[PDB]
Every structure is written in structure tokens, then in C-alpha cells.
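Assemble the complex: chain G is given as a structure, and chains C, X, S and D with the ligand must be docked to it using the hints.
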Amino acid sequence: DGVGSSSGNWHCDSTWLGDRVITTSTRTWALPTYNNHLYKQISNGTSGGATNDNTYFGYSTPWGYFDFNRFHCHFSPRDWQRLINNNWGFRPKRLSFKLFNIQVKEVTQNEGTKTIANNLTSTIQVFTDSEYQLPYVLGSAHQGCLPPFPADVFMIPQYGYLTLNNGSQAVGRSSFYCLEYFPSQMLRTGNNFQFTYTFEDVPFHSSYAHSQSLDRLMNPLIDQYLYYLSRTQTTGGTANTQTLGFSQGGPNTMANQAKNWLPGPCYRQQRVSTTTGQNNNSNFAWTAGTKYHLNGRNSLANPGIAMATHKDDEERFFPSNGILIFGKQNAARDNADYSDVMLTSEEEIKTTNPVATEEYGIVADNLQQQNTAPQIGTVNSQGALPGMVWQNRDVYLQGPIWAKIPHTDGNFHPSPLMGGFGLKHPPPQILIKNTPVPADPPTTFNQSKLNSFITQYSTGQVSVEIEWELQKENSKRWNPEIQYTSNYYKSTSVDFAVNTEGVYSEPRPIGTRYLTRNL
Amino acid sequence: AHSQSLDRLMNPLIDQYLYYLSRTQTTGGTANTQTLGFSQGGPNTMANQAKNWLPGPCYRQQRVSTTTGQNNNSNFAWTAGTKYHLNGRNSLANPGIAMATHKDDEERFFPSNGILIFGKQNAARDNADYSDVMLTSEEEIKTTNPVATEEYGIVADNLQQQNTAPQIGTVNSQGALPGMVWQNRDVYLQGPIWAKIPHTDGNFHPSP
Amino acid sequence: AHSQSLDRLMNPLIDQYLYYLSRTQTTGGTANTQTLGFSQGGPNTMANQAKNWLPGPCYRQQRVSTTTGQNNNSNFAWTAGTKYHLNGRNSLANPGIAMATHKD
Amino acid sequence: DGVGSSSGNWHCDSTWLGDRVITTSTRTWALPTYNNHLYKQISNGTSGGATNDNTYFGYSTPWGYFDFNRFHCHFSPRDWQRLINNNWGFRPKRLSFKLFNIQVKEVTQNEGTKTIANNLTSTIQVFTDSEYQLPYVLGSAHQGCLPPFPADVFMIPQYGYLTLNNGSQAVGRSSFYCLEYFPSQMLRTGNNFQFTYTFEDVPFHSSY
Amino acid sequence: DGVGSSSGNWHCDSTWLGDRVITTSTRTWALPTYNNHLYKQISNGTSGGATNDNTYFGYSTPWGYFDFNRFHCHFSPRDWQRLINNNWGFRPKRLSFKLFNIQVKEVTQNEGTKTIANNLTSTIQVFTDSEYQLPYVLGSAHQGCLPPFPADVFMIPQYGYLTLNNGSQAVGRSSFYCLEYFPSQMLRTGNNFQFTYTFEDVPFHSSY
Ligand SMILES: Nc1ncnc2c1ncn2[C@@H]1O[C@H](COP(=O)(O)O)[C@@H](O)[C@H]1O
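Protein chains in written order, with the deposited numbering: chain G, 220 to 738; chain C, 428 to 635; chain X, 428 to 531; chain S, 220 to 427; chain D, 220 to 427.
If we strip away everything but chain G, and leave its shape as in the complex, we get:
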């Protein structure tokens, strides 16, 4: 554990062992001093432009955090291809995390000339929130996760949290946390940190698409023995009067046939087209957005429960806030063009799940009578009904992996809505900070806290290893499956590769569901 001796090696690999795959990656990082060494109160209120829906109360902290909750932190594009093309399912089993080769540097600025030097005796502090005592800020799809491309050097994100608020104000229940009230390791150059974690049992992700649909599980050639009411009135001529007629479900009457199951739940969303001409001329993104109402505050249900993006033959349509959208490289933060972003599609689940932009179904609204014609209602939100079966949202190479399930008395089907695996005891937050080094103090005692510090940053490498369990395919299907493939024909550059300018980009979103399964 010396100044001149390395404390880690570079591990970035994948190994496939038939029923498992193990992924390792190492990246280089830089950490600044954040917040000037201070915790600060932050709020947003209703004054000025601001609106109720957007209020908060919280704190920002001197700490930074390590995030690897994006699939491409771990899987190279080819590796992801191996996985999706060949397996029915996968899930995480365990992980190894390492921090090594720490360098702490002090930067000196005089006279417009800046110089950087090592500070050999400085420390950084690290800890894991093993007991989940801090607010869990992973699982909100933030930036600052390790880069997809290994050669890229990245900056650690700042840590901050939120509590209860009224407008811009705190309430009694509001909580303040100091991270310095936790035990942490202090490392100088030459020291290292590691920890090991085991994933809890969780269901395999479905890397498959159904090749059957709920409404067509019968034998095409045979009638049912079960009747349905087929006629309510006679068909003679002008003489028509009420009658009761009953018929047996059959091949040409598949819609009428008795069935055992129901499609999944529905929370209907407005539909927008990629051909702008077909859209209404208003700015309806929020006004027509699909939302939930919590304590006087309205939130987009984005993306909400999983519903098929579009029905047959309507690729142009998407739910206004019902899909995941990734930026293309260098797409702008605000108001990026359609050509600048990539929209995901959940078309694969039309098979068991309702289309996002359409009704669940129809129910009766009234009681018909001789003098009252029957009336119906369109159902646009449907909660869980017995017999319902459904599929979860897909995961993407540039998508999230896990989320912490909130600690509540109850939940229903706690699969994270953005996609991924939901864990009660997810991987713990890892928090890192540079210890403050004071500049020279006054020569006579002053009680006030020191506000003059040396300027420092640190750099190092980090490693993550994850073991994934695979579910092999067992299909008896005769014909070939759909597969993810690279383009055959010539092109200006290779997809999933660098630029002339050295910039890595991921051209498209890649999902998981290529192989198929019966229902």
C-alpha cells in the first residue's frame, strides 16, 4: 500500500458460461469538490414563474456518488446481442465493486497561470449505505453513470436529496441528513476499497415476445360446446319482434367465443403521430398529458403502466408520455427535434396488453327495457381484474436496470415502471468525497468554522463485476426467429463505434424481445 505501487488492475471483460454470463468493467473517474464543502438548503416555490406541480424542499451535499445502473455500463453491444438473440430471460445474481489507484491533486492558481500537483497525504472518503438509511436517489434515471465506452473518462455526480415540503417551506416531518454521521473509509493514494453484494431473488426478465395472442388460444378447427346469446330479435322482414337465440362459438366466430383470460390493466394516454401534419395544432403536451394527482400536485404518469405503443400498421403513433425516449448524441437538453431523439416501442406486447392510446373495453351503462334501448360505456382506465395477464415493459441497452421498491405497507406488482428489476434491498448507494484540507489558519484563535481550503480534486479507477443468470430457449418452432442484426450494406461509419472525431455514439435503442414463446 505504497505511493509507488498500483492498487488495482484494469478489468474489462465478458465471459459466457452457458447458464451465466459475467461482465466486468473499469472506467476512469474524476471528482471535484462539491458545494464548497457545505451542505446547503434548497427549495423551489410558487413565486415567479414557478408552479405548484414543481415545488420541492431538499438539501445538496459535498458528496458524490457512484452509479452503474444502466445496462451499457456492463454490456458491450455485441454482448448484448449475444444475450438477446439467444436467451429467453436473464437476471442479476451478484456484484463486486472496487475503487483503486486514487490520486488526489492540489491545484494552485497564481497570476493566470495554473499548476497541478499531487497531494500525497490527502484522503478521500467512501462508504456504502448498507442499511438504506439515506434517501435512495438511484433509480430515477439520472446522468452520471459509467460511460458505455470504456475509454471515456467521466465525472462523478453530486449527491442531493428531497423531503417533504409545503411550497418552498419545510414541514415538521422534514428530515435532514448529514453523511458525515456515517462511518467511512479514508483512503490515501495507495489504499483501495471494495465490497461485495448479492442480489435477492427476482424474476427473470422476459427477453421474448409472444407468438400467440390472448384472443386466439383456441383450436381453429373445432366448435365450443358452449353457447352464447346470438340473437335478440327476429330477422323475418318488417315484422320483427324480440326473441332469444343461442349459438355455438366456432372458427368464424372467434370474437364471440368463451374465454378464460383478460388483457392487462389500462390507463389511457393521448396519441401523437410522428407525421406532424396529423396532429392537432395546439401545444397539448401537458394539457393533454396523462397524470396522477398526489397531494395537490400533478405528475405525468411517465411512462406509466405498460401498454402497447401502437396497434397493427400504425408505427407512426405513440403515447404522448408513454414510452421511453433516448437522446441521440449531442441532442440538446431542451426542445430537441424528433430527428435528435430515439423513441422506444413496446409493440411486442400488443399480444397481451392493451394498446396505450385506446380503450380497454366496453361495459353496460344502463338497464335495457322494452322502452329503453341499451347503452354502453367506454372504459379508459381499468384496474386489476381477476383473470388478467400481462407483460412488463422492456429493458434497453441504454436503459435502467433496477430500482428500490419503496417501503410501504402495500404494493401491486412492483416491477419498476421505467423498466428493470425491482428490489427491496437493491445495490447500496456508494458515496465518495474528498476530505477538506485547510489552507493556513489564523495565528490567533477564532471560533468560526474554517472557510479557506486548498483546492483539490481526485481521480482514480472503478470496477464493477456482475454475474447474470440466463434462461435458455427451448423452442420447437420450425422456422427461423427474428434476430438483431447489424446492417449489411456500406455506410459512412460503423454503428456503435467512434467518430472521426473520436466520439462514441449509440445509434438506436436496443430492446430484448427477439425470440418467441407461446402463450
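Treat the hints as calculated values from the structure; they're not laboratory data.
C-beta: ideal position from N, C-alpha, C; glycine also.
Treat the hints with care, since some could be wrong.
Said to hold, decoys possible - Counterexamples of contact, computed for chain S against chain G with all Cβ distances above 10 Å:
#, residue
1, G237
2, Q344
3, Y355
To be verified - Here are the simulated BS3-like cross-link-like pairs (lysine-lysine), alpha carbons at most 30 Å apart as the crow flies:
#, chain 1, residue 1, chain 2, residue 2
4, G, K333, G, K668
5, C, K623, G, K530
6, D, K259, D, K324
7, G, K668, S, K324
8, D, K333, S, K333
9, X, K530, G, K643
Stated by the list, open to error - Label-pair ranges, simulated between beta-carbon atoms:
#, chain 1, residue 1, chain 2, residue 2, range
10, X, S501, G, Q594, 24 to 32 Å
11, S, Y380, G, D220, 41 to 49 Å
12, G, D220, S, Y284, 30 to 38 Å
13, S, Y284, G, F414, 33 to 41 Å
14, S, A336, G, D220, 20 to 28 Å
15, G, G496, X, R487, 37 to 45 Å
16, C, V608, G, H644, 48 to 56 Å
17, C, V608, X, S492, 51 to 59 Å
18, D, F346, G, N385, 56 to 64 Å
Leaving out everything else, chains C, X, S and D with the ligand in the frame of chain G:
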């Protein structure tokens, strides 16, 4: 079959210690103004009593009578049928979730596509007469499950105010709510025994 | 009691990497036409941010005030009561599923 | 015990064990050179404004001292809440003190441009007055105790003492102490110091 | 494995054992940062002067490589004379490779005055493509092999590779490689690297 019903699980002889809002306005004369009055649930107030549980889920269906004269004169079997919508295709929810076929004293009524019907021997395939088929009844479950042809219940539609009278909504489809208890559909000698549960990520109560 | 709320589980300081549809129409002048605009959720846009969870179930009930003057002048305790219907009989859902009594 | 290796870790916690509670805290500190490396005689007398009630004779020293004699050095506000709300009494039993991760720095000033660098070979000296042979200046409610808030960085207080005086003058009985006449540990970066202490029996405080 | 301790010694010798000869050489090297830390796409096409015969698509990388594939890397002229004058044939049997005495330096430029200093805590990374998973760029007679003369100090060559192209364009089959997706050793000053290799059977060269 249950010999008790969800709405009558109390002791008939004893009051609750729990109050409910019983009066919103005074009853003096012509002078009436708003007030708040609270009362304790009791034997003659069983409907008002506080309770622990809720009836089962609802997907309401049109009602037809075996006495044809009481039916509307249209052919409404599909147009008024209860359906689900999957990928542009509409299917009858036949027979759908289990709900009681009819309430007290109304044996004549059935859900248009909400029961199982068996043919009598040599009944025709198409357009058989009522006398040629046999209709099942799920009357036994009125005890915990909603009647097929009627609403789940009533919810508020608005916020009442001094100038706004309160308004209500009739609930015709109700998904699962905490506290709900229910019974499954019955089986018959000429009925099916089992079904394969579909291989899906999720399901709710997978009784066929 | 929870000291956090479902709608505020994020990091206040960081943007999401996920976009949402933020503009459906242009904002130029009188010339406005349809467009598609997409934005990233952030600190001042917390309502718009993508989220993993949903609030609990709802069976809505009429509201009454302890200040009588603010109530409607009718006796609406049963007529406006929240109920369930079982076999031709109506029962108050009292107290029913758990919902917060009032907001801030 | 190396330049590149840390000698301590950050411990700031509380654990409650039903009949005991253990508190740990760590803070970051800075120490200046005090007095220019010199002991100096100080007095206050009656000349000018000064009054008899306020006279003293004493010395100031190059040393600094560590003070944690304030409850909030050890208890977070919530922890204090746990204690006061639930217990009739409390008292201290034992303590552990550690000093680690020493950095000594040399500051160079030229021409209005100042630069700070490590001095790897420099030492600091520490000792405990185990035998109570020096004037005990703790217990007078001074400033310079560890901060209540863990993130705060603090400056070590200077050590000075008083003896007998007549006006601004010493008397025969007056005593002079040199701290360099005690044995002390010398630590370079990479060295650490610790000691352990046991409290004598004392009555429980009445938190009631 | 320390800052002040050497990790290697200088071996440059030849020993003749009648049926074998063993050659050892040591050279001093310098490695720059290449490509600004970036992989970059490179192509050559048919526009301008360029012709079809000369088109390519490829990448350039931040890495450098070690090349000793020239006989005079290993044989002094007199040694080569001993070999050619007296033997009918020769071939390689095995090799040992070592990297030692690493120094990483940081260069600071201000105001037209440049200064160079050690960075004690910096690393370099090394690896061998044992499984032949990268494009093999040795064997194309490039420059950058160790110098014939031992006293000469040399600069390490940059690593780049080629794939399939159409004109200046990639094709589907075109492959991109990142060297950071391999495991590599990280060494600070004071660390060293070595590996051993055995040649496969191959025919003797005909020195006749
Ligand atoms: N991503 C997830 N993480 C944790 N629990 C889940 C997740 N998705 C579903 N579940 C739960 O696991 C159950 C598995 O049910 P089954 O497939 O019938 O064995 C579901 O019904 C949910 O309660």
C-alpha cells in the same frame, strides 16, 4: 354456498361504538340550515354501519329476460354485448368475471353473455330455442359478489359547496380494491375441469 | 409516517437522461403550427419527470367542513354518501379504503 | 505507516444497546503555529480602564488543545431526543480518542503570491496530561470544542494558563510551566495517536 | 515495489551453448499520449488525388505497442556473424519479456517556460493479446522496433487497425475494437510486468 352475507356480519343486538355522519341539515321547519350530526350504527341502521370488507370486482353486463315480452325489440346480442378490446379486435367477455346472475326474486334475468349455457340433447348448432338449451345460474354468490347486471356502487363526482349541490357517479366496472373478497364461478358435471394458465409476466387470481 | 413522498424521490440536483414530450406546437407569434418537442426532466420540472410508482387506490368521498357555513344547506349525509351495492342493499363504505383525510 | 497510506477511518455513529448508548464522532481540524513558537508572560492590571476584579497573571503557550466537553460533540439532535424522552438518567463510562491522517504543510509567500505544499518530514507532538500536572483549563466553558455538525472543519484553540497575582505582578508562589518538559509523541504523516480512558463512578444525571 | 527502489536491471548479452544461442537486450523507451486519449475513425477514399487501390477504413487508438520483430533487435553484428558463418540453420524457441523502471512524468507549460516533473501516483497499463483477438499489426514491416544499437532511446509506435471498406465507407461486416475492453495491468513507478512465451515448432531457416 355462504349462509351469511358480507353486509350482514354484525351482531344484530348491539350498537357500534363508532359514529357516522347522519345529518347534514336541520329538521326544524322552513328554517332549515346546515349542521353536522353524528350517529351510532345499530340494528335498524345496518346499511350505515362501519365495515371491514368490500364486495368483489365488477364488469357490468346487459340484462335479458326469459320472458321475451320484457326485452327490447332489437337484436342486441352483440351490439349490447360486454367485450374486451385487444389489438383492434373485439371479444365478448364470455362469461367474464364471476358475478351473481340475478338478485332476489328475479330468476328470469340473466347476463347476456355472463353465464354458461349447455345444449339439451340434439339442440341445434345455430339459433337453438330457449327450450333447447340449459342456462346455468350463479345466484349462490350474491352473497359476496356483485350482481352481474347492476352497478358496483356509487362514488362522488364533484366537490360540494354552499352553492354547489353534491353529485354522484355510478360505477359499472370496478377493478380490485383492497378489502375485496369474492367467490369463483361454479363447476358443473358437464363443465370443464382445468385450463393452462398462460405464460405471462403477470396475472391476477388465475382461476379460469 | 413517511418523511418522503412518492412524487419526490429524485435527486434534486440532477437531470434525468430520459425525455418527455414537452411541446406540441410552435411558439413563434400568430403563426403557430404543430411540432414535436422533447425535453429532459430536471429540478424545476419535477412533475414531468419519469417515475417508477403510482399512488394507492381511490374510492372518492364527499367533503364536509367543520365550519358549517361552508357546507351546502341540505341534509346530504346519505344522499351524498359513498356506498357499495350488495344484493339490492346499499351500504356506506364506512370508512372504506384508506385515503388521506385532507391535503395541506 | 506510510506516506501513501491512511492511518484512520471515519467513525461517526451511534448505537443503542438498551442499557448503554455509544457515541462516536470524527471531525477535521487545522492547527496553526501559535505565539510564534514562544511562551509569553501576560498580565492585566489596574492601570487605565482596568479594575481590580479583572486582574491576572499568566502565560500563553505555543500549544493547542483538544476539547470535546460539550454534549453536542457527541449527540446528534435526534439522539439527544432518544435519550431525554426515554430515560431517567445517564452518565459516562469510558472513552476512546484517536488522531490520524496528519498532514503538515509549509506555506511559501513570495511577491503577493502564496503557495502551499506538503512537508513530508515534519512532525507534530501530542501528549496527555495523565497525571494532572498542568493547570486544567477544560471546564471553563470555552470555545474551540468540536463542532456540533460533523461536516464543519474547526481550528484548534490555543493553550494558556493562570497563576497567582497581585495586580499585574507575580508573587512568590506563582508557577511557570513549560509543556516541553513533558514526554510527547512525535508523529509524521503516516503515524497516529490514541488513548483510552475510564470514567470514575459518578451519579446519574437526572433526566426527570 | 517502492518509489526509491529499482525494479529491473539491465540485461544485454549473448551466450552461445553450442546447440543454442540466447540473446538478451534492453532498451530505453518513451511513450507519449496518443490521439488525445481518443479512438478516432479514419478512412481514405477516392476523392481528390486518391485512387481505389489505396482506400481504407480503420481506427486509430490511444495505445502504443512493443515491437521487436527485427533480427537486429537481438543480434549484434558480430553475433550474427558467428551464426551465419557456422551454422546450417536456426530457429526461435522461446522468449522472455520484461518492463521495468517506469517513470511517469507530468509536463507543465506556462508562459513559454516548460517544466517537467514526476507524477508519482500515475499508472500505465499493459496487456498482451494472448488470445489473438485484436488485429495483428506486427508482421507488416513497420518502424518502431527496438533500435539495433543499445544506447539508442526510442519512441513507442502508435497502434491502429483496419477493417473492411467500400471506398471511404464502412460495410456491415466492419469491426470496431476498444482496447479498454481487455484486462490490463496497471503499474505505478515501482511496479513491473513480465511474460513468457514458447515458439511453436517451425522449420529451421536455411542458412546455406
Ligand atoms: N421486477 C419485479 N421485482 C420484484 N417482484 C416482482 C417483479 N415483477 C413482479 N414481481 C412480483 O413477483 C410475483 C411473481 O408471480 P408469479 O409469476 O406468479 O410467480 C408477481 O406476481 C409480483 O408480485
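Holds or violated: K530 of chain X with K643 of chain G, Cα cutoff 30 Å? The given pair, whose Cα atoms are some 29 Å apart, holds under the 30 Å limit.
Within 51 to 59 Å or not, the Cβ separation of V608 of chain C and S492 of chain X? violated (34 Å)
Assessment of proposed distance window 24 to 32 Å (beta carbons of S501 of chain X, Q594 of chain G): Holds: the Cβ-Cβ distance is about 29 Å, inside 24 to 32 Å.
Hint check: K623 of chain C vs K530 of chain G, CA-CA at most 30 Å. Holds or violated? Answer holds: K623 of chain C to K530 of chain G is near 27 Å, not above 30 Å.
The hint says 56 to 64 Å between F346 of chain D and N385 of chain G; measuring C-beta to C-beta, is that right? Holds, at about 58 Å.
Hint says 20 to 28 Å; check whether the CB-CB distance for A336 of chain S and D220 of chain G agrees. Distance hint for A336 of chain S, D220 of chain G holds at roughly 23 Å.
Would you mind confirming whether the straight-line C-alpha gap from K333 of chain D to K333 of chain S stays at or under 30 Å? holds (21 Å)
May I ask you to check that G237 of chain S keeps its beta-carbon over 10 Å from the closest beta-carbon of chain G? Correct as stated: the minimum Cβ-Cβ distance to chain G is 19 Å, above 10 Å.
Taking 33 to 41 Å as the stated bounds, is the beta-carbon spacing between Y284 of chain S and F414 of chain G within them? holds (38 Å)
If you check the beta carbons of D220 of chain G and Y284 of chain S, does the distance land in 30 to 38 Å? Roughly 32 Å apart at Cβ, these two residues keep to the hinted range, so it holds.
Given a hint of 37 to 45 Å, does the C-beta separation of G496 of chain G and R487 of chain X actually sit inside it? The hinted range 37 to 45 Å holds for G496 of chain G and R487 of chain X, with Cβ atoms some 40 Å apart.
Just want to verify: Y355 of chain S was marked as not at the interface with chain G; is every Cβ pair farther apart than 10 Å? It holds; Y355 of chain S is separated from chain G by about 18 Å at its closest Cβ, greater than 10 Å.
Consistency note: the structure conflicts with the earlier hints numbered 16, 17.
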